[PDB]
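Let's have the full structure, built from the sequences with the hints guiding it.
If you want the building blocks of each chain, they are given just below.
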Amino acid sequence: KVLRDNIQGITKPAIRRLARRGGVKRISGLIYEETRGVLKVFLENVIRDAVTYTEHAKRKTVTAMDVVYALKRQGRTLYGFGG
Amino acid sequence: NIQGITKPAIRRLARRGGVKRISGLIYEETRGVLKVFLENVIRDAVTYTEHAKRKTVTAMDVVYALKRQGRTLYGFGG
Amino acid sequence: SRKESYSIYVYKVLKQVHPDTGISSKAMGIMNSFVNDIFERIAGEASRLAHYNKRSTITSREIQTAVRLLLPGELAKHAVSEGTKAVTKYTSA
Amino acid sequence: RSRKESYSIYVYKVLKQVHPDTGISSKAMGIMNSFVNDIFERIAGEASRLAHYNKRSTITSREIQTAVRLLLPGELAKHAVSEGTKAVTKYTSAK
Amino acid sequence: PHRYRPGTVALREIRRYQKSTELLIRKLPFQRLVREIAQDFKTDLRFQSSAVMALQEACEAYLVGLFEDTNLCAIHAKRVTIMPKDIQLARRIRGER
Amino acid sequence: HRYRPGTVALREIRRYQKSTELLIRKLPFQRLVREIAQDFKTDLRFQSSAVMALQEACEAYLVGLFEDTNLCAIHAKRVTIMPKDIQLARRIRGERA
Amino acid sequence: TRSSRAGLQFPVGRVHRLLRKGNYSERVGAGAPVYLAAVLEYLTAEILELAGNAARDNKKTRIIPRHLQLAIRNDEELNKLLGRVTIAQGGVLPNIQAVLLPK
DNA sequence: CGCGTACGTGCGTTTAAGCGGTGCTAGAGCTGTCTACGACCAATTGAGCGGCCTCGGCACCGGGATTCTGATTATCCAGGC
DNA sequence: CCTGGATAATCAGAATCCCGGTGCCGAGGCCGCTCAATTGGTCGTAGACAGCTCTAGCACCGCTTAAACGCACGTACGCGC
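Going down the list, the protein sequences come from chains A, B, C, D, E, F and G. Position one of the first sequence corresponds to residue 1 (the numbering used here), numbered consecutively onward. Position one of the second sequence corresponds to residue 1 (the numbering used here), numbered consecutively onward. Position one of the third sequence corresponds to residue 1 (the numbering used here), numbered consecutively onward. Position one of the fourth sequence corresponds to residue 1 (the numbering used here), numbered consecutively onward. Position one of the fifth sequence corresponds to residue 1 (the numbering used here), numbered consecutively onward. Position one of the sixth sequence corresponds to residue 1 (the numbering used here), numbered consecutively onward. Position one of the seventh sequence corresponds to residue 1 (the numbering used here), numbered consecutively onward.
Hints are supplied without guarantee of correctness; some may be wrong.
Result set (EDC-like, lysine to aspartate or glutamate): computed pairs, CA atoms no more than 16 Å apart in a straight line [unchecked claim]:
| # | chain 1 | residue 1 | chain 2 | residue 2 |
| --- | --- | --- | --- | --- |
| 1 | A | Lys1 | E | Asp40 |
| 2 | A | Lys1 | E | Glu36 |
| 3 | F | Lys41 | B | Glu28 |
| 4 | A | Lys12 | A | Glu33 |
| 5 | A | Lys72 | C | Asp20 |
| 6 | D | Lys55 | G | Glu49 |
| 7 | G | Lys21 | D | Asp21 |
| 8 | G | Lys21 | D | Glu5 |
| 9 | B | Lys55 | F | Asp43 |
| 10 | B | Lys67 | C | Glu45 |
| 11 | G | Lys59 | D | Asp21 |
| 12 | A | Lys60 | E | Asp44 |
| 13 | B | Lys35 | F | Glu95 |
| 14 | E | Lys85 | A | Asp49 |
| 15 | D | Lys27 | F | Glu21 |
| 16 | A | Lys12 | E | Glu36 |
Keep in mind the hints are simulated off the structure, nothing from the lab.
If you want it as structure tokens, here you go:
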């Protein structure tokens, strides 16, 4: 199955909840698009590293360890998924 | 000493950074920030020198201290 | 397949500091990742200074100055005291 | 007198290959040597991380290749991949 | 009837989502987004569910910290409503491109 | 005659942005470096190129901080930089907690 | 040597020695120093290329650190690579914000 | 201080998030055997860096001479009363 | 005829271009030693790769209802002055 427009699967109340957790009281209407793009700027910076790990391990399945090492490279290390 | 970083020196540092208008407390805040940054880098370099068993702080310890702090400097034996 | 971890050691330390307190699996994974991250950071710092001082070994002094460089002041000082007392009572015994 | 090694004549030769009527100062030469050493340390440490992650004790051309593909930006990494693979094949052909 | 003033429900949601730790983005749309993005880099790739969970945790933490810096910049801009220029200035100070 | 307040500042910006010379004098900064270094270890000597490296790194760091400070001041509807801009820049940068 | 055998100018010997002595792995392959020297050679070629271009733009026959700073910060990918890198005697790019300009 | 309105709020509607019962197989993982490429050691050799010498940029000082706005006073012209 | 703004000059300094010296240099190329790279040869084991097995990722299918969209209303917030 083809995958298209899944960036709009990140709904406006999800970005609202992420803003409420971040302490934002009032959110503009132009936020919910742009932050989504920043999420792409996050995700294309992360998985492109992890696939580069998965291409080196000669694997077709992206594991949790490749995501952990991709977060290790980006200076955004994560506890709870190995490493 | 800390006032040895003069107001025209911080003025020139702001002119290089593109600052048009400078407040009066900017010089003192820049002196404090420079003191904190110099304290961190010189502390790391002193740790390097006291592990190297030397009484002369070299430029290599300064380069390694800047490489530690994520502010890696090119041009002094990197 | 044996998967090595720091589970029983963190369990021993936790029962030493809090006897009526258990840990969850996610928090255990976080603690085990923290131990490996701190181990890798201190070992990489000691390897860096060993490469700097033209020396092919890593002794207690390199780990000591790596702890003094990485950890903040009170934490580094207490870890320095703990490391030195452990090295001395390993040397005597 | 200690015999300190550097990349002076090598970067000088690469400069003469890319710009015959251009020189370089020693203040720029120290920056170029520190740049070569920093890129060397970064790519070698990235190969070390990949070899440690993939439970392999051998750093081959593939480890340096994925280190370059991780560290360098896309067009720069692609051109460095082509240059590296070209030189590896030219080293493999000769003996 | 009853209708709360604007500004109370947002503060209550701030307190609620700062008290809790569960993921605010749903699992399946984010998983579809991750599969779409990774499909644009390499075709025929499988994903562990804990890998997508780690991606969700890291993305949610990064967006919460970005919203924190955005709210701080919007406060420094003499406002209470965040703007995309606040996001842009926070990413410029952070060094993100 | 008389110039407007702010034109000589722009001329100084255009002058110092094209130059590479260090804007802090060597002897007071060297005395400050030595005074800070005596607080960590007594009986220390300093190579001149070490002080030059410290001066170059500190001046570049202060120039980048003044860049982010001017960005914060422009975002705060001002043209004059302020210690609140420095505080917000060091807060988003992660230096100031 | 091995630099002439590979069509490169950078030494395979020095890179292969520093890969072994640098405590990087137990065994170090033979295709790795050729690849690393080629990547270093392309990177210094691009940097020296843009530095020579900046030196010709500044009407100078010798590359100064100002030309190296122009070559690094003017290119997007070279600035992205050397983002946390301070160049001594390099300075900054001439950049004045729009509100700073007079009316 | 005031103006205009954007985004806060609630409810009806609609959409698809989640559940947890089921089949499949593809690829991760364990294993087993052979080998070539990589370390190690020894003699050889030549590219590399110390020394030093010549030259090409090198420099911010200084007081005439060019030039580029800026405050400056004024002046003209078209529109409204 | 009065009056507000646009422009079209106006000289006037502040800054800028240009030439001359005392000044100390520092690039860059040759002489030459020398120790690390080269090369030949031997030991060995990490790993390549074809086998096996086996968890686990993917797809479907459908019960349930929490979650999201959008519309309507409006007040308090962004920004203009």
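Cross-check of the supplied hints:
no. : hint              : result
1   : A:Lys1 / E:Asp40  : holds (14 Å)
2   : A:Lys1 / E:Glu36  : holds (11 Å)
3   : F:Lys41 / B:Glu28 : violated (26 Å)
4   : A:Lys12 / A:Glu33 : holds (8 Å)
5   : A:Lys72 / C:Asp20 : violated (35 Å)
6   : D:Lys55 / G:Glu49 : violated (39 Å)
7   : G:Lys21 / D:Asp21 : violated (37 Å)
8   : G:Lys21 / D:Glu5  : holds (15 Å)
9   : B:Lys55 / F:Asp43 : holds (7 Å)
10  : B:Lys67 / C:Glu45 : holds (12 Å)
11  : G:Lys59 / D:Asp21 : holds (12 Å)
12  : A:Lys60 / E:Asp44 : holds (7 Å)
13  : B:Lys35 / F:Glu95 : holds (13 Å)
14  : E:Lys85 / A:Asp49 : violated (29 Å)
15  : D:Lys27 / F:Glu21 : holds (13 Å)
16  : A:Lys12 / E:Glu36 : violated (20 Å)
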